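Student: We have chain J; now place chains H and G onto it with these hints.
The residues making up each chain are set out below.
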Amino acid sequence: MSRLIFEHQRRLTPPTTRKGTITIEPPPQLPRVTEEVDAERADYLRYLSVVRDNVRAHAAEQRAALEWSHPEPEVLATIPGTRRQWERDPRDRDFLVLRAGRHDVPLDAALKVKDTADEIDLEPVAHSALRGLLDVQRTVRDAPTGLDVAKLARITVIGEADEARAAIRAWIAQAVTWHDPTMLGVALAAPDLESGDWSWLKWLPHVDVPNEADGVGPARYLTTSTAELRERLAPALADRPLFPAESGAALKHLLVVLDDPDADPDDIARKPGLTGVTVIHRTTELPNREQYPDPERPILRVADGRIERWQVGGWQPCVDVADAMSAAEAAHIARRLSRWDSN
Amino acid sequence: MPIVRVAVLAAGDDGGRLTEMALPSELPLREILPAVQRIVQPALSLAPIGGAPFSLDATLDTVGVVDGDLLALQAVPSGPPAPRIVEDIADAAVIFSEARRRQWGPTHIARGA
Amino acid sequence: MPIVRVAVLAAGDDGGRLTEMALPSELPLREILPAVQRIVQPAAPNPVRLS
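Chains as they are written, first to last, in the deposited numbering: chain J, 1 to 33, 94 to 403; chain H, 7 to 49, 67 to 136; chain G, 7 to 49, 61 to 68.
The following block holds chain J by itself, in its conformation from the complex:
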């Protein structure tokens, strides 16, 4: 839904991250059976300090890359109408990943130590410093992490209505303001679409069904029940293989969101699912030892700004500061996006 044309030029290259695996020489072995060992550990600890600095530079580089790709939601209002408006294209490593908050994501350049001996027959101070370094430095701190749409088929979002809709709005905004309308579509089958928590999609030029016009403007995917939604959605995913298998066709890994907690998501997709469908449906029926760590159908609940997954038992924290946005910010973004289309 736009009365103006957008043209896709070269994506602005992100800050260059690299995967140079840093190798660390093991601690010196203790005297095989004192200034000697003092100088030894002094040399090792200086080497360790500089390699600490180096790996911290690697981590800050990774984090700057991830923050270039996943900005804070409040920034998204400035993206549209810019050289970077829909930059991610299916060659990028950040395609179809939507930020869900800041969490400690492990390093992208795994540290290593040459495997010769890893016992405590080594220097106490040197080996202690190395173990501490390797224990903390695994992760970068508070980097924007996200959900990979391509490897998801049902994202059952347990939780309070307000916070659940906040997180879902954050994801849908983060997606639709980084992807073309020909590479990502959005559809919503909610009980009521007269309300600001989902009305904002009215402008979004990614809920429009291609080459149909119902009422004013091009016809939109917003509906009032899963049955009517699937009716309006069939000839845009009823040519697609099953979800796990691969396809060679160009296709939109579109989003479908079912605000209705009652609605069973089996009335849009099938049980194995479709390729390029992401059923982001909220419910309230909590699970209990329904063990499914499968990262293709995750059950994640938002509590007070912290999204928790259901891996194998108990709620395991997946993020720490779960991003969220209002209906107002989403309305503003949706307006600023309705000025461009290529569909």
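No lab work stands behind these hints, which were simulated from the structure alone.
One should not assume that every hint holds.
[To be verified] Taking CB as the label site, the calculated pair distances span: (1) G:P8 to H:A81: 21 to 29 Å; (2) J:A310 to H:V99: 44 to 52 Å; (3) H:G21 to J:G275: 23 to 31 Å; (4) H:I108 to J:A170: 53 to 61 Å; (5) J:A310 to G:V10: 46 to 54 Å; (6) G:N63 to J:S285: 41 to 49 Å; (7) J:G275 to H:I108: 40 to 48 Å; (8) G:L15 to J:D354: 49 to 57 Å; (9) G:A13 to H:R36: 33 to 41 Å; (10) H:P8 to G:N63: 35 to 43 Å; (11) H:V117 to J:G192: 46 to 54 Å.
[Unchecked claim] Chain J stretches covered by chain H per the calculated footprint, using a threshold of three residues with CB under 8 Å from any CB of chain H: (12) 1-15; (13) 271-283; (14) 393-402.
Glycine included, C-beta positions come from ideal geometry on N, C-alpha and C.
Tutor: Same frame as chain J, now just chains H and G:
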């Protein structure tokens, strides 16, 4: 399609409300203004937020508008609409540094005490 | 309706511009900031939301 889906803000008597509405883009405003008047406020022209109001003898397309723009319902100026003039500022640090200055405020009295 | 005539200046990293504005003041800033951006700018640094 000759449609533009704009978000007109209402005549505030309870607060401004972004009533979204679709407007025929190729039609002169003399016919759609009474309609949108009926819509936004249950019962004179449109203007971009900071800009100058559009002429009643024009079309939304010609003055230029797109499906995401915000139009406020105002009344055309009695006299001629006048341009805004930009004052070139060559240093903002001094305005900020002197706006952070108060002559003998209660803070000075606290310091002296 | 209510309106208000306020003067704004962009500071930025370059010699900004002070201009008047006739802004309607009944609605959240998020709906009027892009208007100010269009006015006082002559229109990536890792862009930042401006208010």
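Student: For the region 271-283 of chain J, do three or more residues have a beta carbon lying closer than 8 Å to a beta carbon of chain H?
Tutor: holds (count 4)
Student: Taking the CB of G:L15 and the CB of J:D354, does the distance hold inside 49 to 57 Å?
Tutor: With a Cβ separation near 55 Å, G:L15 and J:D354 satisfy 49 to 57 Å, so the hint holds.
Student: Taking the Cβ atom of H:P8 and the Cβ atom of G:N63, is their distance within the range 35 to 43 Å?
Tutor: Taking Cβ atoms as reference, H:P8 and G:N63 lie about 40 Å apart, which means the hint holds.
Student: Are there at least three residues in the region 393-402 of chain J whose beta carbon sits under 8 Å from a beta carbon of chain H?
Tutor: holds (count 6)
Student: Just tell me: holds or violated, for the beta carbon distance of J:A310 and H:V99 against 44 to 52 Å?
Tutor: Between J:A310 and H:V99, where Cβ atoms are some 50 Å apart, the hint holds.
Student: Could you tell me whether the CB distance from H:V117 to J:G192 stays inside 46 to 54 Å?
Tutor: Given range 46 to 54 Å: holds, Cβ gap about 50 Å.
Student: Using the C-beta atoms of G:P8 and H:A81, is the stated range 21 to 29 Å upheld?
Tutor: Given about 26 Å between the Cβ atoms, the range holds.
Student: Take the C-beta atom of H:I108 and the C-beta atom of J:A170, compute their distance, and say whether it sits inside 53 to 61 Å.
Tutor: The hinted range 53 to 61 Å holds for H:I108 and J:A170, with Cβ atoms some 60 Å apart.
Student: May I ask you to test the hint 40 to 48 Å on the CB atoms belonging to J:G275 and H:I108?
Tutor: holds, 44 Å
Student: Just to be sure I understand the hint, the distance between the Cβ atoms of J:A310 and G:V10 should be within 46 to 54 Å; is that true here?
Tutor: Holds: the Cβ-Cβ distance is about 50 Å, inside 46 to 54 Å.
Student: Between H:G21 and J:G275, does the beta-carbon spacing fit 23 to 31 Å?
Tutor: Holds, at about 28 Å.
Student: When you take the CB atoms of G:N63 and J:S285, is the distance between them in 41 to 49 Å?
Tutor: holds, 43 Å
The structure is consistent with each of the numbered hints, conforming to all of them.
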